[PDB]
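Okay, so here's just one chain, in structure tokens, the form deposited in one PDB entry.
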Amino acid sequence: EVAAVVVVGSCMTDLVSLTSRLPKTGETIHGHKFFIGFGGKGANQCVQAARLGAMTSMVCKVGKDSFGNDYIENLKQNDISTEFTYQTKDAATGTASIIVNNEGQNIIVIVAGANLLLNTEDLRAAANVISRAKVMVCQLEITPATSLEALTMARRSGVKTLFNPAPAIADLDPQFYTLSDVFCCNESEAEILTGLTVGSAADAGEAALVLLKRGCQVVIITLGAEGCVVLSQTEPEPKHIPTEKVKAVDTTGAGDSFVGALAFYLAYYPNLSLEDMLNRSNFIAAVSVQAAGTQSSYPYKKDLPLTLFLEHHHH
């Protein structure tokens, strides 16, 4: 019935061309395959949460176009509520044009498009759904002011905020930190936000402390194959949560799998320690890296170990 996880954020149509070599400036090349995929950090996170069993709702804006209609169907196919998936005639659906060579290297051009037109009126119409959620997740692929509005609304209603400052902006409004219950970013984002080098767990501990002092309640920095680091106002000493070693097929979208899993745990297992939530989220994201693609790689509950769903702390 009630959506426990509300994601206010982005949907993007992935337009993928496969080539033998990447083009340089000025070059026309021929590729050998083109296909369409569904992306956007907001939708990616929402899709992972939904596949773990969350009742989710996506607050987003697409175009009144073929891509937008397709995106709505993609959400429905993932059992996501589309009651706040808005459409606009005033911009195309967001796009990621992606060129990939035979080694899996890419160039990407993102046009946020309709995502940027998600506005105050849209959030007001979503106010009841936001207010009744357990967790509100947002990123920085819509207009920053709209993400800030959503954080504000959630905070005012006592709804847990999960903020993923991605892609990062060097001088974020200070309110982004003070309105974030959980602030989760990757190493490259942490570098932009703090002006520190972040390559290692040690580095992430230092960066996390800078972010915590700006007013976050919890800070998590993800570290690829090294797992993640967390600290909080209650426990300000950095804790490194490793992830078990796997053979990565395709790491694309791992960050969004991680965040979607964390949203699921915050909503449905609020009793658990951060450490527990993060061990589980690490494991889920590590499953995603062992499969090709972004949304297509995200696991479903039925294909995951039963231990990930126990109410109490586990070893």
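Positions refer to the first chain, counted from 1. Only the largest set of C-alpha atoms that superpose within 1.5 Å between the two forms is called the rigid core. What changes on going to the form deposited in another entry:
- Core superposition between the two forms leaves every listed residue (152, 217, 101, 74) with a C-alpha shift below 2 angstroms except 101.
- Here residue 15 does not count as shifted, since its C-alpha moves by less than 2 Å between the two forms after the core is aligned.
- After superposing the rigid core, the C-alpha of residue 53 moves by less than 2 Å between the two forms.
- With the core superposed, residue 302 shows a C-alpha displacement below 2 Å between the two forms.
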Contents of the next structure:
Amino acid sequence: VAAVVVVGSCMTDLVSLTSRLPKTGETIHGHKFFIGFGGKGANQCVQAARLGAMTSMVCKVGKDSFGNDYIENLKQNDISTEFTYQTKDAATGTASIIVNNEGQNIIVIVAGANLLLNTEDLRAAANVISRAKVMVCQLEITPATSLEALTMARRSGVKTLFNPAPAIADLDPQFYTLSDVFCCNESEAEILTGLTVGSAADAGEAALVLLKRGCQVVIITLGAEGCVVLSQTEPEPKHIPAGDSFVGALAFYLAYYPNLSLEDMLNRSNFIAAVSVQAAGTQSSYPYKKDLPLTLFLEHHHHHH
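Having seen the form deposited in one PDB entry, the form deposited in another entry:
Next comes a single chain, given without company.
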């Protein structure tokens, strides 16, 4: 029975490497191509599943070979695809990336079938939504669909973890009140608040704005510098001194380790994100439970660390 349900996006990364970037009208011969699995929703789902969560991916891909390939990737990671939809009306989402020998790139994103995931689709998935322990949402599908997913979780008492990524100025105010845990990065927080965010001190001031819009808990991530947290019952910023790995891990802990303090969950999730950064690649770099330190999965009183 899925404890973590993710409503969000799946995207295929298509990468070519070339000596130089092409000029208009030019064909250039590359020396390497590869495919990688992405999308914030998928990536967050995959990290949670690798840690041992029972997860379900609510999303929409194309009735095409990339979408069939995505479905197999979710199944290989032990994720339920019962509400992974396939549509003939758009292609599976893509990120095409060309990179030259100087590390300069060009990137073309087509969100495709992700934008077609709608209310009717979420309604069909009510049983898994209502019965989960945590619902995770981002902003790579139609915002209205994310909203409705958060609204459905709330009506069943399911904990809402929201990642407003990519961010948007003029986000619906309902988003803040529907979010039990609202987690974003520095740049995102600048878009959402129109403040500048450079230090951990600025982050704390930006978090407080978001907290005052109605979020229960706000977390602002600081890259490889940790994160800053506030809550309605503790409004003072606490500084705790890859993004999808962190959010996936936090989902896992919210669903399976409710007896941990926020501070501890965030430590463990920072640790797990840092492991993903060291390993080459993207979703493949996400660590499994068996390859991580066993203290990540024990109560505080059980270990000597």
